[PDB]
Amino acid sequence: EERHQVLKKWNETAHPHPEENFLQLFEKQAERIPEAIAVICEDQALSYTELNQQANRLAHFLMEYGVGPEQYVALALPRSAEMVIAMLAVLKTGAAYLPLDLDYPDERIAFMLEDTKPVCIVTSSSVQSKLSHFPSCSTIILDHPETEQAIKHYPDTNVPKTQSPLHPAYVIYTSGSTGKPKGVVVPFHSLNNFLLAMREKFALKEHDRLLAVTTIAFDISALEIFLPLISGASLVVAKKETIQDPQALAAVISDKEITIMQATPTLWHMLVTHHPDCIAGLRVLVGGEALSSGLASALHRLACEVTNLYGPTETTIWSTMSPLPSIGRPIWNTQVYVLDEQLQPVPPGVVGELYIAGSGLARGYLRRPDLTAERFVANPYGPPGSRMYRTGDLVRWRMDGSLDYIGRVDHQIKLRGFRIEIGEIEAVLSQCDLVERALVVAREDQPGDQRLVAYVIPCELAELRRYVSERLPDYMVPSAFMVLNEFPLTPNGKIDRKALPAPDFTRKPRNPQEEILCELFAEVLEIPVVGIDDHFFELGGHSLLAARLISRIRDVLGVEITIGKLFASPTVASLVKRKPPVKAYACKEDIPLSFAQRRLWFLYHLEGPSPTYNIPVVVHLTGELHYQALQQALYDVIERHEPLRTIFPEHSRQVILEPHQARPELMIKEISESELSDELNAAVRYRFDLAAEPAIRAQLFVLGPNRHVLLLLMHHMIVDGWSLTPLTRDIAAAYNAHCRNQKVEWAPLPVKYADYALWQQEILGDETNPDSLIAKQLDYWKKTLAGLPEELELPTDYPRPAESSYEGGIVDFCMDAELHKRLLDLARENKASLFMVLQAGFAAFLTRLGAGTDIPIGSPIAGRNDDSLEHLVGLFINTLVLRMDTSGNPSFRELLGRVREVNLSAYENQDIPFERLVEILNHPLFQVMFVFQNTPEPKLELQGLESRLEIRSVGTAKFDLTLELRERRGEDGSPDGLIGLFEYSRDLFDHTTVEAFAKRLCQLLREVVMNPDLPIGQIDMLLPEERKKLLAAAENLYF
Amino acid sequence: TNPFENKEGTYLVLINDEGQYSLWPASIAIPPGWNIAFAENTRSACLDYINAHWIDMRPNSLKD
Ligand SMILES: *P(=O)(O)OCC(C)(C)[C@@H](O)C(=O)NCCC(=O)NCCS[C@H](CN)CS(=O)(=O)NC[C@H]1O[C@@H](n2cnc3c(N)ncnc32)[C@H](O)[C@@H]1O
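Chains as they are written, first to last, in the working numbering: chain Y, 144 to 1182; chain P, 811 to 874.
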């Protein structure tokens, strides 16, 4: 009836081999085109003749060694031409090769070796150290001059091919989640049939090149290696270091003129998303996973000749294929059978389990009779005594000789190289007391980006994510949670994906290390910005990206992290995880100053009330402003943050005033615009009496009925740069709460600033203990900052007077976006951060001006490592003394390395107050300050008001010379340039001088960007305006 | 469930001309070119038989 069609008609795939091995095709090719390029790898390249000859000599060598059929030889070689020569030679000798990838765990490699028990292990010197070999077999090192010279004393002629096709050609292992890997013994004629089939499929003229990016640990490589060689094509082998980086791989695909390429949907998605240009004319081979219908829609547009491949390892590489979820018709000598539970064929359109039969079938599993007999079963639809392999995949016959994939029988979904069991996810997700039902499904918000979305039905918010993540791996937790009414259905009686709600698709770093890590995460995930509590695997992070991330971490921070530790700690905050946590402290008799505060209080107790450390927040408000709401807002935010209402009397102690006790005032003055500057210049220069007054004043200036200027004048004693964000967020919170006439939405503070002080003191109390962390770091600083120079020697216009006037000036300068990008690229290319690059440029700048070979410069740190200090408004800023050495006249590269070492060394000792170091050693330790800002400036964002916030200058100088550089990011996330300023002492410099310092600094940066290998002593330090006159003088002299 | 994956069921051990062993559900008719090596018994016992008899897994075409 119709059973004849699904058995015989659609399986009319039978070709008798024309008495030609793929090897023999390769040899005939070598004879035909001797000078043709066969294999390219990195710099080196081999011809067909060279490849064939070396393979032959190695073949006769191994043959003399005692290697024959039914014997395995391990290939512990690096990805190179040598591995091609190796496996080819082994195929020539008649034996089988065991491909080893050395990146895999030592336990698994040792398992492969102990299980296979090969005769000998061939290897290179680059790898021979990695092998803790067993005494079961000897190890031949191909690099060894003795061995190498031994190879060349053997014929370079072809070998006889009188071997049986039933003998194994290679063995591939697979982990089928059983717990123990199985050795799939692939016979020769299967491989030959496959390779001949694929050779017939793709024309592959001499001009074609194939880029191999799959490891030899998988059968796919056999296609990527032997297929171009049986044709007249060339083969470009790529190292793992190239495969990990997309910008490198995409560069190779263009620079090597690659014509054809095979890969997994993951890699393809990694390329098409950000590097489409390289896949313009490329011939694409997809396989290994169900191709997303968006990804395919992208490939069929950008690329050409996109062929979808399918097959398990037990049927040798690929069994079915089809040009563009159709897995299409089978290949040569491959019968496909869609059967039911009674092993009977089903009519077209009916879903059944797939059984593959034919010449593709392997011998079975190495020394595993039971598993073989479990899956390699008897075949009733083939020749008498034949065998089927049950895939475990559910397939359905299409209308015309095609197969539609449905899904596996274990109800697992393969995504991003993971075997995800959705059932467990919905199980633990619905196990919640507040969750009744749930369904998880992978949807695509971005083209090719498959993300797990969870749709939930509640019982009769974000904590659910914490509930799911504390019981499941990070690659299983959904990227989006959507609550719905009921799961919709299609007329066919299936869940409608299209009728479901469209997915939403979605902290800050606390120390230098965390920011470096976040930068790395962002660079690897190819997304603009990441946070301290973002998960790596939820954002498309897979195993390969994990590998590259580990590499970049190992090179940027100098620490090797196991991938298991990365899975266990998928977020940066977990990665960095040591200082004791800050618990809440009981009411103390007195509260000691924080060490950051102690310094300021010392300067205040010595000099007196000064506007030096004032922090004036100026906000321009446009629109209708509710005054009472503003006043109540200020009162509220003061009531919340105790440091805003704290006095510091003499006894040195903190005295927190009650909300009603410290009466907060709001001054309201109406002035003309033409005076707004003047008044401000006065208002900012108010001098706080810290002994008896809370260091905060609020002054509203009325320019017009809708135009206002709000001034929040605070002191650095109670507020830092960080605190300016939770502060400005609370003021907006209260204001908008009074206008809407609703209760303010606040997040309760687990600890107060007093707790930070008490914790600080309690920690530093263990300075006596030699085994304490603080004693260790203090020892570190006692060694590194030992022998610091008394004072730097900058080209000052005026000699340093006795009494510091503390009057300061400011010079603003800008650095265009292009140069910004160039600096970033330099940084990333030389294992450093932009921070370190700017540091190097600055130190070189100072040394060039004659500040000496040894220059210590200070830089501030957030000093907020604890999570409880995240929203506290107070003074937490620490300061690291980066001691830089510019001696030896080094290149900017070498200097950058030095600065990198200094910074990385300093980061591991950041948990100690600068004040303590000042107390222990004898501005104290550095006269030059460098502040680097990466975060964007805070804003109020009040309701019904246009806000424009800026931090006004007081006109003072905290140091002799301070350089502040703020990095601005674009709308996309791309570099939009650098905004910098020089804060200089007015009594040591002129405005013109520092104005020249800016220009010289920028020019220096461009200079070292053009050539990073340039010695800093050869940097041009002259300005164009100076060069003109300079050349004019000599123009008048010599003529 | 799969015919072979069923644990609580009756099975068979079929042998090939090439000496290749194969598990088989007792209910389903035996294919041509396959003879019974181990009669109707528990799946575990069958797999034990296979483990105890199918020593050399290369076809008898190679054995000589
Ligand atoms: P990290 O934790 O270290 O590791 C993950 C890592 C990404 C590093 C690693 O997976 C990796 O490098 N990946 C290697 C890529 C790879 O192994 N590719 C598989 C080729 S083997 C085989 C072909 N001989 C494909 S298979 O094993 O996946 N087939 C088994 C299974 O896949 C399904 N399937 C295959 N083709 C399909 C198509 N075309 N459509 C749908 N489904 C397909 C199928 O279910 C089959 O049973």
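Hints are computed from structural coordinates only; laboratory data are not their basis. Honestly, I wouldn't trust all of these hints.
To be verified - The following residues of chain P were derived to be distant from chain Y, with all beta-carbon distances above 12 Å:
id, residue
1, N812
2, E815
3, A849
4, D858
Claimed, not checked - Cut-off 20 Å, straight-line C-alpha distance, at most; resulting in silico cross-link-like pairs (DMTMM-like, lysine to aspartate or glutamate):
id, chain 1, residue 1, chain 2, residue 2
5, P, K817, Y, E170
6, Y, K323, P, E815
7, Y, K382, Y, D698
8, P, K873, Y, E213
9, Y, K304, Y, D513
10, Y, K720, Y, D676
11, P, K817, Y, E517
For each residue, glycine too, the CB sits at the ideal point set by N, CA and C.
Comparing the hints with the structure gives:
1. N812: violated, 6 Å
2. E815: violated, 8 Å
3. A849: Per Cβ check, P:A849 is outside 12 Å of chain Y; nearest 15 Å; holds.
4. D858: Not fine: 8 Å to the nearest Cβ puts P:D858 too close to chain Y.
5. P:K817 with Y:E170: Violated - the C-alpha atoms of Y:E170 and P:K817 are around 51 Å apart, more than 20 Å.
6. Y:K323 with P:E815: Holds: Y:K323 and P:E815 sit about 18 Å apart, inside 20 Å.
7. Y:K382 with Y:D698: Holds, at roughly 18 Å.
8. P:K873 with Y:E213: holds, 12 Å
9. Y:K304 with Y:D513: Violated, at about 34 Å.
10. Y:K720 with Y:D676: Holds: Y:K720 and Y:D676 sit about 13 Å apart, inside 20 Å.
11. P:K817 with Y:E517: Roughly 12 Å between the alpha carbons, so the hint for P:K817 and Y:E517 holds.
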